[PDB]
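A single chain comes next, written as structure tokens; it is the form solved without this ligand.
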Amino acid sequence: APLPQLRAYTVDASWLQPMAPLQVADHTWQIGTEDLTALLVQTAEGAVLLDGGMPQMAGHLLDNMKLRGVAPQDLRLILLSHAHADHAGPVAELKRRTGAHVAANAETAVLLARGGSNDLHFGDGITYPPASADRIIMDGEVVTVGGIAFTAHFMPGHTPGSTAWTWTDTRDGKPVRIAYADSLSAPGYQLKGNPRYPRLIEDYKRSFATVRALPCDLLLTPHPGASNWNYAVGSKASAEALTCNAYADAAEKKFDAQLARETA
């Protein structure tokens, strides 16, 4: 009776479904898949990428960047929501093939450096190739590329280094406040009395408040269904999208119900 075989991170079919670039604002594009958000922001001095999806999406992301006229060497910076395998997967390969730099906070940087291994909740079950962050980001720090300013908003919970990004784009000249907020879920976590995360509940409750106050005219999430996006319908993709208030309220109601049956 030997030891078990290693089992790989298998995801739903719609997470790996390629899609053509979908426009969000004058310079913001969804270039990921139907169920995974990968945002491209084109400026006069280069492109910015927010998240990348699964590790095997590196080639697809470069094809869609090429469809927008963005050569690999034009990618200047990669920003992250959190350093899990389904959102930072191809970061290591994208650095090698584009020469871009990665900016993240300290908690995301150390988790990224070990490829998601020794996760506080998942252990070594969901890993990916390691990557190193080039610039360390503080809460409220502004990152400017080509005139577009990105502001980091720490929201610890789903991971200690979970981060929301806000920036102002335009819609045919008129401004729009875009907010890319991270997950507020706890899929299978031990909430109360967790030895690896003693203040997990306090961090979550504060993040709910942080997301409510975010300056936002249009909300996007790493998983589009969390904010009621439907990338498949194209022009009507943002029709039923949620507000920052509604998104945070629904997350707290699910978090409270999960916390209630954990005591049971």
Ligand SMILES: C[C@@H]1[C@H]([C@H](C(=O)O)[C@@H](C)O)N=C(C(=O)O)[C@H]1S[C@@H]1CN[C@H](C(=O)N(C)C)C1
Second form
4 protein chains.
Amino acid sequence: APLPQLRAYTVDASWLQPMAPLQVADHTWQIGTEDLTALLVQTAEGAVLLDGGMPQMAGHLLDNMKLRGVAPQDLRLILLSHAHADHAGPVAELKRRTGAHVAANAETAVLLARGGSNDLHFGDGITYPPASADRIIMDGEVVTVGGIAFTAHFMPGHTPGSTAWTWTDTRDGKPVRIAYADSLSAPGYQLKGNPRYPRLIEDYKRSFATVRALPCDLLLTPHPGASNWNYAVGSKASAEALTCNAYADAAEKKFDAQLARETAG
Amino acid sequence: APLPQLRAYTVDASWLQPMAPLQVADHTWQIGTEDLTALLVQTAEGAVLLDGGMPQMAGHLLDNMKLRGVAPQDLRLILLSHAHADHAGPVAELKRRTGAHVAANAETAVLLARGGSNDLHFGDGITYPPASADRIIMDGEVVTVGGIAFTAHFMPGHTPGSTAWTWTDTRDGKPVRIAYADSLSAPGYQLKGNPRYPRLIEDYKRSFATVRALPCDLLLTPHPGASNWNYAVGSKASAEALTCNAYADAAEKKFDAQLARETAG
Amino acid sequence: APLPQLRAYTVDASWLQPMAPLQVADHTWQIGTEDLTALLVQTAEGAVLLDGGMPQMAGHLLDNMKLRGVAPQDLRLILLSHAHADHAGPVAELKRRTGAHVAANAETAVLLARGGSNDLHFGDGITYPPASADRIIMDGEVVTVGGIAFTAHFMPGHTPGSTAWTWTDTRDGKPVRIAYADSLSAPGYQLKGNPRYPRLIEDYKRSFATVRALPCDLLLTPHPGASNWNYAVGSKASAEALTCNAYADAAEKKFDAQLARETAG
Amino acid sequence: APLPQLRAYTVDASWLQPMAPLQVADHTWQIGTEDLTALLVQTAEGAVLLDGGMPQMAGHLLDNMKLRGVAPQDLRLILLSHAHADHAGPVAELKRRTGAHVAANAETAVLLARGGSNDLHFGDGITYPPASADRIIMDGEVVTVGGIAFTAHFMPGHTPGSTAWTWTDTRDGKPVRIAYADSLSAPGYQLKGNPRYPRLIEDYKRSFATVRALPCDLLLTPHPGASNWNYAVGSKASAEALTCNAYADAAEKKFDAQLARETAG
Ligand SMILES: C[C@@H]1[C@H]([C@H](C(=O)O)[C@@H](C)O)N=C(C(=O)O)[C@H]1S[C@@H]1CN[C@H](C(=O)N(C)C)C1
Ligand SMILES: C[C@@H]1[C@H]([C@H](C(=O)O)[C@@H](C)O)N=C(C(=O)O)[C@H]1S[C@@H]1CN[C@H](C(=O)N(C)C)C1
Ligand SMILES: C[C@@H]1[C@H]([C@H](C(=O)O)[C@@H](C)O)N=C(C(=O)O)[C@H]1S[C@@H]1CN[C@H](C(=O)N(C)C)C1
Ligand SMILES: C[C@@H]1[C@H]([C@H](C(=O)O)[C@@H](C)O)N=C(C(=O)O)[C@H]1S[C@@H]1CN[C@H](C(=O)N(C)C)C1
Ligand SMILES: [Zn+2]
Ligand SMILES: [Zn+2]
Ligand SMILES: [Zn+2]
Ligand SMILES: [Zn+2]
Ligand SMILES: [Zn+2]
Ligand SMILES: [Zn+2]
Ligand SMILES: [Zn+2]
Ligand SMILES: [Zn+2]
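Having seen the form solved without this ligand, I'd like the form deposited with this ligand bound now, please.
Then the entire complex follows, led off by the chain already shown.
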């Protein structure tokens, strides 16, 4: 009996179902798929991309940027929620084709440079082309493009580098404080006494409190279902979206239930 | 219609068919699979590994090292023919589990650090966990472990970093100059006017001449079939093996035929 | 008037004054200089080095290891307090000459890979040869060599990656819990409203509390004066050494005074 | 007697003597110092910089770009002759402040990522802030910005990664084939039997022939004196400049004389 074949990272079809740009606020657009968020923020001096989704989405993102009037070279900066294959997948290829810089904290930088390999929980099961961060970000640091200020809020747990990004856009007239909060799932993770992540539970617990305190007129998440968006319904997409408070509290109830189950079995 | 799923790198079963250590000379053993070479050289001051095969072979290699009396921490150095998934696949994991250093030329180092992504010919189709080289090697440089001297001979073409490694072992008494020459295939490559590799044909042509001039009492290749080894027949494995001259000349005839076919269609 | 010349990183002579190995406990030795700590821990299966001091100390460290019976290849692992030139200076050269692996957290890893350049407070004024970390460590993770367990305790502030390392040695018979706590200085730092380190004050404040809670029968610090060691007096070197509590409290009083002075002027 | 202090990399004052932009052709300007070349090429879709000189020149270069109408964000690409402190010195800082990408061959990439440390001949004596290459270039590859095509010609010797860059500009009307050829010095190098560079002499010899064959209506070199430019005399700066043939032949005569002297003593 030979050694087993490598097994591809396959996802639900809706994670790979392309959509046209969906306007979130005056400068902010969802340009990823129906089930993976990729936010384009268009400024007077270039564009910012927050997340890119799966590795095979690079061309779709560039197509949607062009629909928005954004040439590849106009992308100045890539920001990330966390460096897993379904959110940072196409970053290497996007950098090559745009000249964009990547800004991320040290934890996200080292995982991205590994292509998601040697993941604390997934091992080498879910990888993607490696990419290097060009600017290292600290907790609370402000990154500014075209006058739009993006603030990082560290929320470790789902990954050590998990980050929420906040910025204030407008809706026609009035300001809208947008919060792009990272995932709070723990899919198949060993939570208690994890030798690769000894303070995992403490980090999640603090991250729930960080999410609750975010400036947050409008919450978005890497998976739209996590904050109750429906990208397929256009102008009704945000209607049932959760607050940052409700997102944190639902995530913590799920976490507490999984911890109790882990303690049981 | 959604975007396509990622597709795993699958190979012939014999590339993943484990074998027990096969002795090549007094200190040198084939410890990979029936169809992928991985050479262990055991010295008074630790072991050297030349190639590791596929990513999922790391545990098999460590098992065979232990059969040879070589504990994981006793592996001092990893050398590579070239940094493709089926030859350098398990290098990252081997480094983590042994403390070995990797020595390679600059071209092999940059490809390895990318996990084989953005390959000049394969793109992102065939990747593996990224790894960093700890020592950069120049053409003709000598690497010595436990008194055994390994000499690098650059033979670019199959990859820009393709390298032949030579060393002198013994067979009971008499010296045997071993040549571990890299692959000379060009699988699906565009050879002529390649914008990612403008001097590809010149490099292959020079590499044929480098292989012909190697010190070479015994030739081995990353794929045993390439030099006419049969690892499944034990002490008869090397009986029909090619000389370095015959390997180079057969590879150049194949190359010339493919170039003429490329020129035709 | 031409642009100014580059200016070397010069230190007090005692930071570069070599000393013979000074035994701290049964397996632990100070092998750096009179004014820079470099701890060698010798185990049944190889040695661990915690810090190396200045870049030009590599040969002195190897000389002292040899005096201890430790050949260069016997060094298995390098640990760091923080990645500044006077503590991590010779790490690159030590790795090349020993085959050791470096283990560090993500923050220390990214600063080390920059050679201390683009430092949040020093800019490019104080740099050293870059080095890569081979294993990324999480808060509370245990690294074990030869049965001796080293636990990391993150204490950000002096650098984002600042780390205390703890292990239990023996003194003849009885156990001694050693705490190698990092520096808590803020030399010339802007503490309040620092755009490169927005949560600097919160991190220092938490790090004082982390240091107070360390398992700590014997405290050592990267600069011996910081914990009131005198490496020049041999067996009396530790006599007046501070507890972890006193070190934290003295450091916090200094920090509070500097913050008040920063608030004033 | 203590260990010696670190010693700064100091150069002649004229290597740090700033100058205003000196026009070389319709799109090409010398914007470095009187004694260090840094070429700005201005295109319809952004600027290219070839070399930057010393680390402390970053601000001077940005000042000269602004004089040319080139904002920091308008710099798209940095190209290098070779990755030594006096030519690639400010690359890290320029990348941070412009968003430019660096393109270089694998040898130049690995040396740049080391900040020039562990240099084959200089060791750690001459270092600079490390920087990463964003695009790896092959021999003869064409890099295009704003329709202007830059071709790389490898000329190893001074460093393994030494590269000549060629492009065709215009002088008012007529085309001018510019050749920016790298240094061919061997300052204090051991040429014969160098274990860190065994094929050094063969590489230099081939590089003389590469330089002789360059498309070359106008030659420039990293040090203007090497090709007999005088940047201080404005429109007469290129009057006595050497051809590519004469540069190669003078460099080879110097090399041959140094080799004979090395063979003697
Ligand atoms: C298993 C996932 C997937 C993996 C991950 O990022 O952890 C990815 C590697 O495949 N992405 C994930 C994430 O939280 O970001 C996870 S969890 C899953 C995603 N949508 C679902 C959701 O959020 N609901 C509220 C139902 C659960
Ligand atoms: C297509 C391959 C495979 C790929 C490669 O390394 O290029 C790998 C990525 O899947 N390894 C390869 C190599 O030359 O190293 C190639 S060529 C193929 C391997 N054994 C065969 C062989 O060498 N014969 C003499 C029949 C041809
Ligand atoms: C300015 C330093 C020097 C610099 C640093 O590491 O920050 C280095 C870059 O030069 N190392 C330093 C450290 O805290 O680690 C600092 S502080 C200085 C060192 N010994 C002194 C001390 O600790 N006392 C209790 C008097 C103060
Ligand atoms: C010793 C140098 C200096 C060093 C180098 O790059 O090698 C640098 C590290 O300090 N740069 C150098 C180079 O060739 O690029 C060298 S050689 C020196 C520079 N101008 C002179 C010259 O080229 N003449 C024709 C007189 C000789
Ligand atoms: Zn995830
Ligand atoms: Zn996800
Ligand atoms: Zn291959
Ligand atoms: Zn192969
Ligand atoms: Zn410090
Ligand atoms: Zn210090
Ligand atoms: Zn040079
Ligand atoms: Zn120079």
